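Residues per chain, in single letters:
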Amino acid sequence: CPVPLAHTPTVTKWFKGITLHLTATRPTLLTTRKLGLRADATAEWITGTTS
Amino acid sequence: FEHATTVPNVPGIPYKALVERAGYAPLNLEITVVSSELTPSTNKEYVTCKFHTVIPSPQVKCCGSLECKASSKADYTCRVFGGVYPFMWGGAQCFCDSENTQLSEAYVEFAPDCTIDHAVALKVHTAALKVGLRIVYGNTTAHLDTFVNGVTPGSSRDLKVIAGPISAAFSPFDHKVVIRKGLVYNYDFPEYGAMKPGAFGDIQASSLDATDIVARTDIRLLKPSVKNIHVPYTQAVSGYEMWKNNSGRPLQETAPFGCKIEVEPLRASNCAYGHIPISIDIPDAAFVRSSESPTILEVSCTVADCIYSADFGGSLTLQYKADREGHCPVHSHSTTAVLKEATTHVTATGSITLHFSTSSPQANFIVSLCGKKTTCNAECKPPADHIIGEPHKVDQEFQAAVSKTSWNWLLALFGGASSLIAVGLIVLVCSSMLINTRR
Numbered sequence: 266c267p268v269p270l271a272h273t274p275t276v277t278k279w280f281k282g283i284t285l286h287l288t289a290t291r292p293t294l295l296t297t298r299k300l301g302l303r304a305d306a307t308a309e310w311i312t313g314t315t316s
Numbered sequence: 001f002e003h004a005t006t007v008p009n010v011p012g013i014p015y016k017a018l019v020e021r022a023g024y025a026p027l028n029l030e031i032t033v034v035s036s037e038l039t040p041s042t043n044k045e046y047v048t049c050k051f052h053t054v055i056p057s058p059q060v061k062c063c064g065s066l067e068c069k070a071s072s073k074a075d076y077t078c079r080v081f082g083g084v085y086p087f088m089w090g091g092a093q094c095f096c097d098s099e100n101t102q103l104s105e106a107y108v109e110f111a112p113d114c115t116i117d118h119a120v121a122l123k124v125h126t127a128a129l130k131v132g133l134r135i136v137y138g139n140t141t142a143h144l145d146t147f148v149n150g151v152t153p154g155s156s157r158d159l160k161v162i163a164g165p166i167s168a169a170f171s172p173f174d175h176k177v178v179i180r181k182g183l184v185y186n187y188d189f190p191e192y193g194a195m196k197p198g199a200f201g202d203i204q205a206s207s208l209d210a211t212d213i214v215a216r217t218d219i220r221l222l223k224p225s226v227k228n229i230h231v232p233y234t235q236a237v238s239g240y241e242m243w244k245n246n247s248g249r250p251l252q253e254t255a256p257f258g259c260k261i262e263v264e265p266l267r268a269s270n271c272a273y274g275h276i277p278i279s280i281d282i283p284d285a286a287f288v289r290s291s292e293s294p295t296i297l298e299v300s301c302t303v304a305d306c307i308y309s310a311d312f313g314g315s316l317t318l319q320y321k322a323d324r325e326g327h328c329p330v331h332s333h334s335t336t337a338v339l340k341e342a343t344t345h346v347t348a349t350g351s352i353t354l355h356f357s358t359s360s361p362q363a364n365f366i367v368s369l370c371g372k373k374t375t376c377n378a379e380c381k382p383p384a385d386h387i388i389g390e391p392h393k394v395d396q397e398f399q400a401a402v403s404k405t406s407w408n409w410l411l412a413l414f415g416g417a418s419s420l421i422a423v424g425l426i427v428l429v430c431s432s433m434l435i436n437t438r439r
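Protein sequence lines correspond, in order, to chains B and A. To convert a position in the first sequence, counted from 1, into the authors' numbering, add 265. Take the second sequence: its position 431, counting from 1, is numbered 431 in the authors' numbering, and each next residue is one higher.
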C-alpha cells in the first residue's frame, strides 16, 4: 500500500543536540531512540508545523 | 600463520589492523562487519488474536430436562434456562406453555482474519550473535559469515576466521516478547493456560488452525428475557484487541544500540554493542618475504591541520626513503587513531599524504609504514559541525582525551601542590636538624 512521505524534516544541528523542524498536515508518528546503553525510546504523534 | 585481534562491534565500520608476520613483510588487514545477526533462541508459546464469540443455535426440549454437559471448546460455558417459550418469525416455537427448558451455548474460536491479525508470544533466551564479515588484506579480499560463539569457524575460501564470544552479553529482547505483523513488543504475556478475561492472551492455542483452543473470557449467559427467541450474553472486550489499543510502542523504536529488529525468524540486525574477539589463520602464501617487498630506510611524520571527529577530519604526510617501489602497508599502531588508506604504492623516494580520523585532540600516535614506525604529534581542533551522518570510527580514552597543554597545566598545578608538601617535609626535617646540629 502507498503511504505519504511528509516533506523531509529540516534538521538543525547544535552542540550534542539536534532540532528537527517538522511540517506535517496529518498525524505523523515521529519516533527516535538513542543508540546508547539506554534506548531512550521516544514517540510522538506530531501534527502541523512544529519542532 | 594465524593472527588475532579484538574488533569494535559496530556495523559498517571497517576496522583495520596490521599483521606483523615476523620476517615476512607486514600485511594490511581490514576487518569489516558487513552486518550482524543476533538470533535469540525462541519457542512458540501460543498463538492469539481477537476471539470470535460463537453462540450456537439454542437447543430446546419444550417439555423436559436438558443436560448441561461439558465440552472441550474454549470457555465452553453453556447453561440451561426454563420458561423460555420462544417465538420465532413463524410464531410460538414450543410444545409446552410452561415447562419449556432452553439450553444456551457459547464458546470462542479464532476469528477468520486471525490468520494475519494473530500474534505469537515467545519465550526467548541465550541469544547468539551471528555476523557477516568482509575481510580485505593485501591484494586479496574475502567475505564471510560466522556465529560469534568463539567456537565455530565460519571458514570461507582460505580465511580460517573464528569469532567470539561477545565482549558483553546482550539481547534487546527480554525473555518475554510478542510478534505481530512483523512488529514485536516486549511484554510479560500471561503463561500458557493463564488466560485472563479482558487482557492479552484472552484466547490461546498452539496453532491458529488447531482445535486445541483454551480461553477465559468471563462469558456469562443471561436469561432469554424477551419473547423473540434470543441468546443474550455478554463478555470481556477481546483482551487481545484491548492490548492492541494500549500495547506500547514496538521494540523497533525501543531496542537499544540501534539494532533494527526483524522477524521471520525473530532476530536483531546491525546491533552495535561491545567488541568482538577475532582470530584469523592466513595462508603464508598471501604474505611475501621482507626482501621481496620494498622497505623504507628513513621516514618522518609531519601532520597537516587536523580535526578530531568521527570522520576523517585529520590529514598527515610522511617523507620516505625506500629500497624500491611497491605497495607498502600503512597503519596506526595507536588505538586512538585509524588511517583511511591502508596501502601506498611507495616509490623509491617521495612523500605520501594520508587521511585519518581521531577522537583525541592530541594527534599523538605512532604511524607505521612497511613495519617501520614513526611518531606523529599534532593538536587537532574540534569540528565546526556538531552533528554528522557517520558513526565515530574510533572510541576514546579519557586518559588520551586530555590535551598536551591541558595535561601540562594539570600536572603543573598538582606539581606545585606536591612541591609545597615536599617543602613541608624539607622544613619539618630541617627544624629537627636545627636542634640536633647544635645540641
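Hints are supplied without guarantee of correctness; some may be wrong.
[Claimed, not checked] Cβ-Cβ distance ranges computed for the label pairs, FRET-style:
id, chain 1, residue 1, chain 2, residue 2, range
1, B, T275, A, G132, 46 to 56 Å
2, B, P292, A, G182, 34 to 44 Å
3, A, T126, B, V276, 46 to 56 Å
4, B, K278, A, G182, 45 to 55 Å
5, B, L295, A, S206, 35 to 45 Å
6, B, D305, A, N245, 17 to 27 Å
7, B, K278, A, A417, 51 to 61 Å
8, A, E390, B, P292, 30 to 40 Å
Calculated from the structure, these hints are not laboratory results. Backbone N, C-alpha and C fix where the C-beta goes; we use that ideal spot for every residue, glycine too.
Outcome of the hint check:
1. Distance hint check for B/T275 and A/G132: the Cβ-Cβ separation is about 35 Å, which falls outside the suggested range of 46 to 56 Å.
2. The hinted range of 34 to 44 Å is not satisfied by B/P292 and A/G182, whose Cβ atoms lie roughly 21 Å apart.
3. The beta-carbon spacing between A/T126 and B/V276, approximately 39 Å, falls outside the hinted interval of 46 to 56 Å.
4. Under the hint 45 to 55 Å, the C-beta atoms of B/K278 and A/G182, about 33 Å apart, miss the expected range.
5. Distance hint check: the CB atoms of B/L295 and A/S206 are about 39 Å apart, consistent with the given range 35 to 45 Å.
6. Look at B/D305 against A/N245: about 25 Å separates their beta carbons, and that is inside 17 to 27 Å.
7. The supplied range of 51 to 61 Å is broken by B/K278 and A/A417, whose beta-carbon atoms lie about 41 Å from each other.
8. Here the CB-CB span from A/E390 to B/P292 is close to 32 Å, well matched to the stated 30 to 40 Å.
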